[PDB]
Amino acid sequence: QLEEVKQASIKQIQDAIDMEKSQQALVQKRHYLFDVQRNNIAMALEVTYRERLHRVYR
Amino acid sequence: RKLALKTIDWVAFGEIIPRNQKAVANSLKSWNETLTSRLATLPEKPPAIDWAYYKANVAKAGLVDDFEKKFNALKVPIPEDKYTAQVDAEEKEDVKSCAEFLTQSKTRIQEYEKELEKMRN
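For the protein sequence lines, the chains are T and U, in the order given.
Numbering-wise, the first sequence is residues 59 to 116 according to the entry's author numbering.
Numbering-wise, the second sequence is residues 1 to 121 according to the entry's author numbering.
A hint or two may mislead.
[What the hints assert, rightly or not] With a straight-line Cα cutoff of 30 Å, these simulated BS3-like cross-link-like pairs (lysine-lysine) come out:
#1 T:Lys-79 - U:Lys-118
#2 T:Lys-79 - U:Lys-96
#3 U:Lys-114 - T:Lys-79
#4 T:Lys-64 - U:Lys-106
#5 U:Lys-82 - U:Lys-2
The hints are simulated quantities; they were obtained by calculation from the structure and are not laboratory data.
So here's chain T without its partners, still in its complex pose:
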């Protein structure tokens, strides 16, 4: 008798945990990729303007 009731209570929380975390994870990183990506991009456009002033002045 006792096995199945405790077995279900474990197995359910097992599937519950991953999936609320899986929810959060997909959102957050992916929003966190976006603005990441666009760092990296905009990083260079100023350098090049920046660096250019030095290069042309030389």
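Given the coordinates of chain T, work out where chain U should sit on it, guided by the hints.
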């Protein structure tokens, strides 16, 4: 100019990505790491030229005057976009990470948690 205004945290981007791109994130993280460090170094631009000095002190003083009205007019652009399609890919990848997976996850976590209210029996 520093890092582009949008800043997401370096572990929140850098652990997690769609299954289609999984190995490419850990490389693109290091590629953006070298770019953000490589751009953070630079004084954006040199000084100007002291012109009345250069015109007095280069005794070829009329070769000088060409290079004034030329350099004072001749202005440099910043480089352009070619990859802000990453922001459209980011809106589509948020529709996927949020809405599509969020509401689908809210019915699947409920499929278990409604079976956990059945496990209370």
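Practice task
Sort out whether U:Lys-2 lies within 30 Å of U:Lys-82, counting only the CA atoms.
Solution key: Holds, at about 19 Å.
Quiz item: Has the given pair, T:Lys-64 with U:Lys-106, been kept, meaning a C-alpha gap of at most 30 Å?
Solution: holds, 25 Å
Open item on the list: Does U:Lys-118 sit within 30 Å of T:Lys-79, going by the straight-line distance between their CA atoms?
Closed with: Measuring from Cα to Cα gives roughly 22 Å; hence the hint holds.
Given hint T:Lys-79 paired with U:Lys-114 - CA-CA distance at most 30 Å: Measuring from Cα to Cα gives roughly 18 Å; hence the hint holds.
Q) Does the structure keep T:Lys-79 and U:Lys-96 at a Cα separation of 30 Å or less? A) Given that 30 Å is the threshold and the Cα spacing comes to 15 Å, the pair holds.
The structure fails none of the hints (numbered hints given earlier).
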